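Taking the form deposited in one PDB entry, here's one chain by itself in C-alpha cells.
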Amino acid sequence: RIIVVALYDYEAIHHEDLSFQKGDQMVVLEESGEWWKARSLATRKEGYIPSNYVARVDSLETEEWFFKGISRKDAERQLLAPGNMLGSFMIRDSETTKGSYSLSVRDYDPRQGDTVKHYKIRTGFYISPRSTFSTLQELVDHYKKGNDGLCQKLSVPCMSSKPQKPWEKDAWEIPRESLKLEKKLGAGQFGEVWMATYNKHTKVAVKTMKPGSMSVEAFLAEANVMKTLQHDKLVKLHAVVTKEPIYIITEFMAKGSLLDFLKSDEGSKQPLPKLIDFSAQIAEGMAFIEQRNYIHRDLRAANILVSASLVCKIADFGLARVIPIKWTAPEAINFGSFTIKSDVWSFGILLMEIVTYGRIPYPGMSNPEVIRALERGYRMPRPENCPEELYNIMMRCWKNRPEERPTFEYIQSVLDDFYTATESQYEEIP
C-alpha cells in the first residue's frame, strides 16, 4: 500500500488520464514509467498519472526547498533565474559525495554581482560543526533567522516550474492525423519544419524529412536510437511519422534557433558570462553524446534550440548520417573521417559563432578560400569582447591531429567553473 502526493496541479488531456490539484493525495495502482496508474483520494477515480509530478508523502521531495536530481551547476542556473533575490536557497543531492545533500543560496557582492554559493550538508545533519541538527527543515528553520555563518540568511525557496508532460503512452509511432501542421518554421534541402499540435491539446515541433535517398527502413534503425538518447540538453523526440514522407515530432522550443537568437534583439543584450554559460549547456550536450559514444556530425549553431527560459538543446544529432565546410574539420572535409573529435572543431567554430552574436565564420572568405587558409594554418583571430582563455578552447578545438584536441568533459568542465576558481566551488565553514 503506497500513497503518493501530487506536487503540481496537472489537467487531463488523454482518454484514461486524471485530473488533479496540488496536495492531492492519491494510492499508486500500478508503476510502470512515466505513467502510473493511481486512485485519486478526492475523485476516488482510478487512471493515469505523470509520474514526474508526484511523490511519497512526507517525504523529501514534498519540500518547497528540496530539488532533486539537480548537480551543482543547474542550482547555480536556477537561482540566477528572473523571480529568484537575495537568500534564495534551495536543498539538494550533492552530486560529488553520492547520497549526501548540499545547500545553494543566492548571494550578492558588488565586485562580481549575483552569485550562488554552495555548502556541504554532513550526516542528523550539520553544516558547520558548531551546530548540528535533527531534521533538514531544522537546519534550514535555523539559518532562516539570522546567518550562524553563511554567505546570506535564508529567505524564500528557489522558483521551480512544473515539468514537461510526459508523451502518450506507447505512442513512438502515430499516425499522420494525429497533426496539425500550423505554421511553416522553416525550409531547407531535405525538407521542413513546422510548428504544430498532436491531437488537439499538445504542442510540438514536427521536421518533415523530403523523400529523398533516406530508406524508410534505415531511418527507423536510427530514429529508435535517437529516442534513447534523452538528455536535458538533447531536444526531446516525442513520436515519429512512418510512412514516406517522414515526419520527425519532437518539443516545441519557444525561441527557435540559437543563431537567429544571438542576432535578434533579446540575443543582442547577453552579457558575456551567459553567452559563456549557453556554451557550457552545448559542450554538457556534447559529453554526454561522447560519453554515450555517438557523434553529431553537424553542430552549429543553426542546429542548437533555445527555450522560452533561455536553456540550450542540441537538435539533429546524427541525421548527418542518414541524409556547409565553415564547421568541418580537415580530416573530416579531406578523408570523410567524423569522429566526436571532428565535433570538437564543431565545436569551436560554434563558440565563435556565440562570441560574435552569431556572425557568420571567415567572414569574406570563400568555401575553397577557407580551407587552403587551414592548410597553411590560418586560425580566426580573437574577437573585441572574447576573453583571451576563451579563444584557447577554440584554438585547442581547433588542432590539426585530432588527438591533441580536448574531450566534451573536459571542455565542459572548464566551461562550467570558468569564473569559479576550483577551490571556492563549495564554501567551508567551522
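Numbering follows the first chain given and starts at 1. Just so we're on the same page, rigid core means the largest C-alpha set that superposes within 1.5 Å between forms. What changes on going to the form deposited in another entry:
The residue among 371, 60, 41, 395 whose Cα moves by 2 angstroms or more between the two forms, once the core is superposed, is 41.
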Second form
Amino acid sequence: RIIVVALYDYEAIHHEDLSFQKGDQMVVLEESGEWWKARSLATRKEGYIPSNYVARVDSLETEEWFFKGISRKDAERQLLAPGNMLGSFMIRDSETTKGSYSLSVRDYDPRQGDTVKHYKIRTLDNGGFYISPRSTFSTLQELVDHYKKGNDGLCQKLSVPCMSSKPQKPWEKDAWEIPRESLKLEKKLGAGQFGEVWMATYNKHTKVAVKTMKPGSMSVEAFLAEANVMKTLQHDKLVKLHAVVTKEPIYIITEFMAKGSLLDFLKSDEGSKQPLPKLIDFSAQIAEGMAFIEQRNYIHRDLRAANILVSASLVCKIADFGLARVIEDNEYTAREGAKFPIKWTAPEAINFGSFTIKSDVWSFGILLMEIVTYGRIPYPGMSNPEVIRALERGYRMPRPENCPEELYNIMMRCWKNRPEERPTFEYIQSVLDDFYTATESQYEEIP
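Return one more block: the form deposited in another entry, after the form deposited in one PDB entry shown previously.
Just the single chain follows, nothing else.
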C-alpha cells in the first residue's frame, strides 16, 4: 500500500488516462518512468497518471512553498523572475547538508538591488527544525508561519511562496519512433543548410518543434544509434528530445522554444535590451548544460549562439548536441556549402579533425563574445584565412565595450592554443554561477 495525492489540474490527453481537479487522492499500483499506474478512490476511474503532477502523501511536496529537486542556483533564478515580491520564498532540499533543508528569500537593498538570501534550516536530533537556536519548530509549516509574522532576524518577513507553473506533461509512453503522419507541420520557424525547423502538433494534442532533415543528409541506422544516446542527455539546460521519425527524410521532435535561438533573441527588440547581469546569467546557464555534457563524456561539436534556444521564461537550452557527427559528407550535402564555421572552431579541430570537449570549450569562449556583443559576427572585418593566421600568432579578439574584465579573462582561458590548457566546464560553471556573489558567504549567519 503506497498512497499518493495529486497536485495540479490535468485531464486525459491520451486514451486511457484519468483527470485531476487540483487535488485528489491515489494509490499507485506500479511505476513506469514519468508515467505511473495508479488506482483512484475518488471518482473510481483508473488510468495512467503523470508522476510529476502528484506528490507523496506524508512528504513536503504537497506544500506550495516546497520546491523538490531544484538547485540553489535554480532557486535564485526562480525567485528573481518577474511576478515575485519582496519576501517571496521557498524551502528546498539542502545542497551542502544531505537530509536537511534551506530557506531562500527574495531581498532588496539600494546597494545590491534584487538578491536572494539563503538560510540553513537545521534538524533537531529528536525531531523538529530551527534556523536560530532560540526559535525551534515541530514542523516546517510552523517555521514558515513564524517567519511570515515577522522577520525575527531574517532579511525580510516571509510573504508568499515563489511563483511556479504546472510542469510540462510527460511525453506519451512508448512513443520514441513515431509515424510521420502523427505530425502536422503548422509554421516554418527556420531554414538551414541541411534541414528546416517547424512548429507542429503531435496527434492533435501536443505542441512541438520538428527539425526536418534534408534528403541525403543522414542515414537512419547511424542517426538512430546516436539519437538513442542524445535522448538520455536529460538536463534542464539541454533541449529535450521527445521522438524521431526514422525514415528518410528524418524528423527530430523536441520541445518547442518560444523565443527561438539565443542569436535570434539577442538580435530582437526584447533581447537587445537584456542587461549585462542577465547576459552573464545566460552564459552561466549554458555553462551548466555544457558541464553536464562534459560529465557525461559527450561532445557537442557545434556550440554557438545559433544552437542555443531560449524559452518563453528566458531559460537557455543547448540544442543540436552531437548532431554534426551524423550529418553525412556526400554529393547531396556538399552542394549546400560549409559544414562548420572556421570562426567558432578550435584550431586542432580545423587542422586535424580533433573534436573533443576541449574544442567545445574554445567554442564556448566564442559564444561568450557573441553574447556580450548581442550577436555580432566573431572577428569583425577579418576573413577566414586572416583569423586562422592571426590566432597562430597569438591574436585573440580584444575585449569589447561593456564587457567585465573577468568575463574576458574566462574567454582568454577558453582560447588557449593547447587544448589541455583550457579550463573544464565544471570550472567555468563555478566562476559564472558565482560571478557577482564571489567574496560573499554562502548562507546568512543569522543570530
